[PDB]
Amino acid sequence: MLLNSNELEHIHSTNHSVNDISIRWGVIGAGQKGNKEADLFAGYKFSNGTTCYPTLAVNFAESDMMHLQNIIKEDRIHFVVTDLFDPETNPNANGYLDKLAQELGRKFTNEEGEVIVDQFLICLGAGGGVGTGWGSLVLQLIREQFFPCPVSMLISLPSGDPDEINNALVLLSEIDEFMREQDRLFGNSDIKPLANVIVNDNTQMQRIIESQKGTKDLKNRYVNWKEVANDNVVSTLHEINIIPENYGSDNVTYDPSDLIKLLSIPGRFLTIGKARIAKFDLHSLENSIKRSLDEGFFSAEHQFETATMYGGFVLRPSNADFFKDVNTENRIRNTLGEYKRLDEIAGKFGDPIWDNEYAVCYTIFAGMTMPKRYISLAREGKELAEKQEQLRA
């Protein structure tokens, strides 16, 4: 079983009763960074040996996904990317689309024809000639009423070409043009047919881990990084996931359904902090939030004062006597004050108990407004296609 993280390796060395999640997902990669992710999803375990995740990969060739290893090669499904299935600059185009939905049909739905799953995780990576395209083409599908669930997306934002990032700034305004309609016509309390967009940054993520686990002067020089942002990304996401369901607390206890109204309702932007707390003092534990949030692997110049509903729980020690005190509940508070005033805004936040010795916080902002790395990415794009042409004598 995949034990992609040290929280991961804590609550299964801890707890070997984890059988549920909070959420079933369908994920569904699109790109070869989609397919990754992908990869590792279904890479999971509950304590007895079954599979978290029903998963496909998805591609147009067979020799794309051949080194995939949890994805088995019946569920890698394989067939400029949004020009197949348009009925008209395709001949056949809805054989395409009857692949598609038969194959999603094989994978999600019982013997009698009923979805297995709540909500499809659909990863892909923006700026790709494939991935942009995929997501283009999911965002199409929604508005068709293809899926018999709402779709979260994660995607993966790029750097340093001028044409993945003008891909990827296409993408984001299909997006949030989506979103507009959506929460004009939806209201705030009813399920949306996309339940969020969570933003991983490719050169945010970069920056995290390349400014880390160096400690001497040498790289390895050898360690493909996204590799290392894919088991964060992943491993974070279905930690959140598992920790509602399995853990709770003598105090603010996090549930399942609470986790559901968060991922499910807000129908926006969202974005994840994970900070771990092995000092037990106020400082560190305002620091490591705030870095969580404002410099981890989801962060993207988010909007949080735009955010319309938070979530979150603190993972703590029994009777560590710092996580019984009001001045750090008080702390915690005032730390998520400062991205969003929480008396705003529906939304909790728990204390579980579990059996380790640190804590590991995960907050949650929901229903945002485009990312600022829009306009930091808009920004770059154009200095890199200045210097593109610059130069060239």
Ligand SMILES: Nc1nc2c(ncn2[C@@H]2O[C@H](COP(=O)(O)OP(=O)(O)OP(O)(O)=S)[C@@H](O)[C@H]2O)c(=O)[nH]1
Contents of the next structure:
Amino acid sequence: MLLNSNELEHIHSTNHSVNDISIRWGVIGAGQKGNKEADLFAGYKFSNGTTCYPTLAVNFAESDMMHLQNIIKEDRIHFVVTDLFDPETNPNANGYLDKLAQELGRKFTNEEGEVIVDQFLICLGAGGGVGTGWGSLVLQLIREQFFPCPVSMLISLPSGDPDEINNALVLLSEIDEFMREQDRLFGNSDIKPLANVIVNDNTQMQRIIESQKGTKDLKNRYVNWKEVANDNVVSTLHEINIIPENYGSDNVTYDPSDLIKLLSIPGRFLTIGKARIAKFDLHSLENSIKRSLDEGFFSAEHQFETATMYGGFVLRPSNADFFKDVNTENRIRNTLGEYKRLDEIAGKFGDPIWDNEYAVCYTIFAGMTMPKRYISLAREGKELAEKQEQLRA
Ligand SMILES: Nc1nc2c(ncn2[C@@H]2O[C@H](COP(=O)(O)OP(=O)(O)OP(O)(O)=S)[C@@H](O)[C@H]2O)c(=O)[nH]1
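Starting from the form deposited without the ligand, produce the coordinates for the form solved in complex with the ligand.
To see the whole picture, the full complex is given below, headed by that same chain.
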């Protein structure tokens, strides 16, 4: 099975009853980046050997997905992107539609036509052609009530390319508009057709990866940082899914129902901060949580102040005085409070226990408005395009 992180290693190593998750994701990747992500999700298995998430990958040609390793060929669906399905500016548009519907219907339904997932997790890299194109397509499909369940979009943001930036800003703007209409029409407590959008910033993940690993001068120079980024992003998502359902606490227990609400009710931008805490002291704890939020894999200058829900849990060792001290609890609370006053929004923070000697703090903020990365990207995009036009001879 896939053991994408030290935490997944420790879990399946000390827990042989990991046979269910909090929410049954139906994973669908689109474009190279998306496919790579979905291929990792397809690699996860329960203690009993069965597969965790049914997944499909999408792209234009068979060639694009030739190197997938966990998604069998049958599930590798092949067919700008918006034109094809557009019942007009592309003949037999319904053809592609019916095919998408059939493939989705055959992979996410049992024998009697019943959906076997709770929510669709669509992964894609913004900035590319098929990627952003699919993202934009997903929005129109949701507006057309295409999906039988809510959809969660996991999106990476580009950099270094003005053309990719512009494509990503167009999508984000379309996402934000969709969210505005959905937020006005649905009650703050109803399940939303667009559950959430989780953004990843390539520039941010690259810096994190290239700063670490290389305490000398040999950065290996051959390791694709993106592969490392994908592992970190996907294992975090998988981990937050299995923890609530497989781990409990003797104090504040976080349940799958809490996770489900957090992921489906807010309906806007959501982020995650995973902080491993081996050093059991207040300053190290605060510092690790803050780094995970402001300089972690899911950081994108989020508008934490606009969050409407939060959640999370510190998976801590049994019989560890540090994580049974009021000063610790107060530090965690006080630390999250610097991002968004918890007393003002729904949500809870649990402290599940696992059979290991270090703790991991998973902090989640949901229902936020446009990540400010939209702004820094629009600025960087303008600069690149300028130095581009400039210098030119
Ligand atoms: N985080 C992450 N980003 C990736 C990965 N592969 C590509 N990217 C980034 O994602 C963006 C789009 O990637 P890609 O998936 O190639 O787009 P696409 O539309 O599917 O490809 P095309 O149609 O332009 S060739 C680019 O900005 C690229 O730098 C990956 O495995 N992880």
